[PDB]
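**Q** What follows is the residue order along each chain.
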Amino acid sequence: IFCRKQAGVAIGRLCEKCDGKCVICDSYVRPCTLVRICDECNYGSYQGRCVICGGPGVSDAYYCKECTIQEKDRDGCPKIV
Amino acid sequence: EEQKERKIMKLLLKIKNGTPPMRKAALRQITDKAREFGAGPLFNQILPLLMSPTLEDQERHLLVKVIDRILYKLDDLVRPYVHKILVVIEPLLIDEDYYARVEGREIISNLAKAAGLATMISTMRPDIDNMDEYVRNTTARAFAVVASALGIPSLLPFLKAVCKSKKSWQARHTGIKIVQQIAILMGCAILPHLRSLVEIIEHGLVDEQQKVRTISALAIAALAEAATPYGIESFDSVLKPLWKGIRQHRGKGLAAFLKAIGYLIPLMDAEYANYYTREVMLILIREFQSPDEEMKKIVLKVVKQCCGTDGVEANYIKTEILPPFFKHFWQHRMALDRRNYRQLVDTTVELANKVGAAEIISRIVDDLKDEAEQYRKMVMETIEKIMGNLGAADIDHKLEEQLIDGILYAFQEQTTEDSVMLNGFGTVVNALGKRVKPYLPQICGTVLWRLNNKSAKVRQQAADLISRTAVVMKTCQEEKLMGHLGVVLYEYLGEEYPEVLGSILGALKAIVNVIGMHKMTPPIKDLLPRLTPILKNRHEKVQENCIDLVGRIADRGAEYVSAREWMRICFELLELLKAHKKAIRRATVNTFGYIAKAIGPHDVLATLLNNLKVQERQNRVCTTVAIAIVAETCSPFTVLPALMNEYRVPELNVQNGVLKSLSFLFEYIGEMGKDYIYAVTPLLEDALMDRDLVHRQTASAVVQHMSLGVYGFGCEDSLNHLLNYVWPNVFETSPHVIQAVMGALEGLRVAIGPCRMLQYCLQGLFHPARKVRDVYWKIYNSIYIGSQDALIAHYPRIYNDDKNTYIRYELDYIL
Amino acid sequence: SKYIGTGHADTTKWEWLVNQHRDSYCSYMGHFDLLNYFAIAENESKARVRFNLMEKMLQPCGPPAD
Amino acid sequence: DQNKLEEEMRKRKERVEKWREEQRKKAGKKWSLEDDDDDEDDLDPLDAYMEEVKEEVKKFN
Ligand SMILES: CO[C@@]1(C)C[C@@](C)(O)[C@H](O)[C@@H](/C=C\C(C)=C\C[C@H]2O[C@@H](C)[C@H](NC(=O)/C=C\[C@@H](C)OC(C)=O)C[C@@H]2C)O1
Ligand SMILES: [Zn+2]
Ligand SMILES: [Zn+2]
Ligand SMILES: [Zn+2]
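Quick mapping for you: the protein sequence lines, in order, are chains 6, 1, 5 and E. Per the entry's author numbering, numbering through the first sequence is continuous, rising by one, with the last residue being 89. Per the entry's author numbering, numbering through the second sequence is continuous, rising by one, with the last residue being 1304. Per the entry's author numbering, numbering through the third sequence is continuous, rising by one, with the last residue being 81. Residues 152 to 178, 195 to 209, 225 to 243 (the entry's author numbering) make up the fourth sequence, in order.
For the record, the hints were derived by calculation from the structure and aren't laboratory data. By construction, the Cβ of each residue, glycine as well, lies at the ideal position given by its N, Cα and C atoms. Just to be clear, a hint being listed does not mean it is correct.
[To be verified] Restraint ranges, calculated between C-beta atoms of paired labels, are given here:
(1) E30 (chain 5) with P1257 (chain 1): 44 to 52 Å
(2) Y587 (chain 1) with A230 (chain E): 35 to 43 Å
(3) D564 (chain 1) with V17 (chain 6): 50 to 58 Å
(4) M675 (chain 1) with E234 (chain E): 18 to 26 Å
(5) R1286 (chain 1) with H23 (chain 5): 21 to 29 Å
(6) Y719 (chain 1) with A230 (chain E): 32 to 40 Å
(7) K1260 (chain 1) with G84 (chain 6): 25 to 33 Å
(8) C61 (chain 6) with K1067 (chain 1): 34 to 42 Å
(9) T41 (chain 6) with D621 (chain 1): 55 to 63 Å
(10) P509 (chain 1) with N243 (chain E): 38 to 46 Å
[Said to hold, decoys possible] Chain E side only, calculated, beta carbon under 10 Å to chain 1, not exhaustive:
(11) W170
(12) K176
(13) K177
(14) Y231
(15) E237
[Said to hold, decoys possible] When the alpha-carbon atoms are kept at most 25 Å apart in a straight line, the in silico BS3-like pairs for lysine-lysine are as follows:
(16) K162 (chain E) with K700 (chain 1)
(17) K573 (chain 1) with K162 (chain E)
(18) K236 (chain E) with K816 (chain 1)
(19) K656 (chain 1) with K155 (chain E)
(20) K573 (chain 1) with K80 (chain 6)
(21) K71 (chain 5) with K1267 (chain 1)
(22) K816 (chain 1) with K176 (chain E)
(23) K943 (chain 1) with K164 (chain E)
(24) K29 (chain 6) with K1149 (chain 1)
(25) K926 (chain 1) with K155 (chain E)
(26) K28 (chain 5) with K1260 (chain 1)
(27) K729 (chain 1) with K73 (chain 6)
(28) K700 (chain 1) with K729 (chain 1)
(29) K816 (chain 1) with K943 (chain 1)
(30) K866 (chain 1) with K236 (chain E)
(31) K164 (chain E) with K790 (chain 1)
(32) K197 (chain E) with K858 (chain 1)
(33) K164 (chain E) with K649 (chain 1)
(34) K655 (chain 1) with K562 (chain 1)
(35) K946 (chain 1) with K887 (chain 1)
(36) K887 (chain 1) with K236 (chain E)
(37) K602 (chain 1) with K496 (chain 1)
(38) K236 (chain E) with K649 (chain 1)
(39) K786 (chain 1) with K196 (chain E)
(40) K858 (chain 1) with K241 (chain E)
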């Protein structure tokens, strides 16, 4: 359900609904590392959209502290397909 | 059969309205099919579908990729059709859509790579001499794309030949336009070929035709813009003609030559930059009086470009440039001119960034009082930009007085609520700081008059101003009529407009967040009971500001309110933890922490346990969060005994609630849990020995959160002890239990280390039963994907057999 | 499954052992002080030890069964 | 207080207007660079190179 292709410079975004909860482990405590997404998931009309519900993005997506500790930020683009 | 291949190459519909897997499958198969299909039918059908009037964006992208792949394979068979393809795709290069242009350029690039240079030149040469100006532009852009694809030196001979043509001036014009489009398209990649292009195009500046001279000057400007901050010894044979032309030409050609001069000047040294500026400067001063509203924009751009270099110093600028600039450009005619207004503001700011803020600021600050408000907003914008970029070190008594009087008069003379005057007032007062003591009475009178009435759109702007200036307002030991303002803001607490109520609450909070409760004149005991009914309002700004205010009051003025009301307020705040705006939740967490720190953990904890016992799911989850907050603000040594005493109650769904609360507690406190792992270990043992699936699933969740919470703190003993009870659950078929067990194992991989996990997996990796092998290889792959490097030091020794060598001998070396 | 070095219920001893030999050689090439240790132990230049490890990378543990 | 605030405004406005009166007494063809449109007013090396190219294309065919 995850895109997981090696990413790049595009910054993942979150919608107003879930702003501030992890994209991997969907958690409500301590954000750590900025989310990067693949270029295909940010191409064209997809730029700036929510990495969970493809809707309008209002904030930067983050991996939680527990995910970065477990290096779950190094597994590829976390855009849900 | 002919339509044979057509019916089978409907693969492009297989792709167009098709699934991604069959998309790529048909892509690969049609790539293998292309050489045999032949370019004739393929293009005969695809170019109509690409010419479809309502095609989509990504359908177009996929079609372009199909073109790319079917063009790579069939290389030299595309020649007899090139012309046709071009007439379809020579448009899409002047299209107002950026991605259409990218796709057209990619198509033309792959076409030029498939075919040869001679073919492209032979098909594109007849339209070089065309009279329709619409064709000569697409032709130049396509030649630029071909040069970018096949390289510049491959096209250099054709260029050198075409702009020496004595046959017609149209061919020369189009060749110079090709050079200009090459520059525009390739940018800083033209630097190795700069001198070649310059010597190819340089003889056009002295042509007998005026259109050739203009296009040559535009091409020189394009090359100089692509080359910057390098490239200057390649622009040497153009310096003499360009300056002689700006000395002799007049009009459109003069504008082109001046644009060229302006793009060339920043590439020189101080000498040449200083010497050349003088010449073009006398010419530009003469041209300050010409008519077209294009000429003004070009002159402003050139002034900004030249005044930003080192060869030009502030003395010459203030002596020669500032008087005519401010005499000719600063009139309200410039203000109603929306085209060059921003250009004038930027040019003036960048002038002040070199000559000094004082002169600019004076010359326009006398103009802040004006009959037209457009000219007022322009001056205010420029002034606040200069102030933000430089600050206000050089404000004099006279200048300070004038500034204050001007901003005060501008504030009152305001028709519609604008952010311009608000931000100007704010930054001026914030930059002056402790220096504005008597204009503090004056400003307080002004904001009192604005906040008294007039539709609450002036009142909310006054409240914003108070919120942003209260720091410097109190910074000078003046609060008193500070209290006079707070009284009026209090009276303005019943408002039908929530937007104005938000600003009122913000201003009140900014006041009290710097006004001591002793001397905060409205007695805290009276305010707070007036404040508690506002907590049930449903506007987000009102709610956030009310919660923040109650939090400040509970943090500092806790003594005045009799408790019980604090308990009611916290029990009401309990429901805001589920708010669907992070802000509301953040402020609620803060305020709950303050109230808990104020009234003490005992009573609130008793109430929270009672509330956790009797309510529905979401309220119980919020109660769990609240218990974790109380235990973090007041050390968990005050919460843990009362919470563990509740586990001694004999009922199911009661122990599971205690376990869920412990799970979230450890996840929420993180590092603080290092002192409390020994206390909860026997309870987790009991729960891990519990038959109920939820009891073991929740105990595994607790183990995971506890493991990831303490890491680097030396708690490995209890975690190994608990792993001894978690591990037997690996043979569980229930999905939720096994999910929690995997989570706990991956947390222990971090807290306990991969060596222990490998030691637990070794004997099962090669078990005779396939179930054991599946489970153990899943666990092992999870251990291997994380920390693959550490495992190098942990693998056990495996002896050589007759066929193969398995000992790692390097690690047996002994220095 | 897409990661090289992972196993499954049908993995044999030979595949496991060649996988750990191969990533052992890569770890030796990576870490600067392990290669120092080996080059001092067998009295060779470090470039020679690196080339020997790369040459051993191809068929560690001998050719497979049957 | 409101009456005093209204007075203060009246006086400031009057002072500004008097100062203004004091000062006052003391005292397009359209052409775009995005077009080739000129305002009013109105052997070969290209064929040789073209001939060289045409020769290459004919030879390949
Ligand atoms: C119904 O919509 C869903 C389910 C899906 C969604 C992503 O679309 C939507 O945005 C999302 C938003 C609302 C909810 C309910 C989700 C997240 C929030 O939930 C709340 C119910 C929790 N409550 C707590 O966190 C407990 C304590 C507080 C104060 O926090 C903290 C950090 O102490 C956890 C979380 C903060 O919920
Ligand atoms: Zn992606
Ligand atoms: Zn979303
Ligand atoms: Zn996470």
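**Q** Tell me, which hint numbers fail for this structure?
**A** Result: hints 1, 3, 8, 12, 13, 16, 17, 18, 19, 20, 21, 27, 29, 30, 31, 32, 33, 34, 35, 36, 37 and 40 break, sorted rising.
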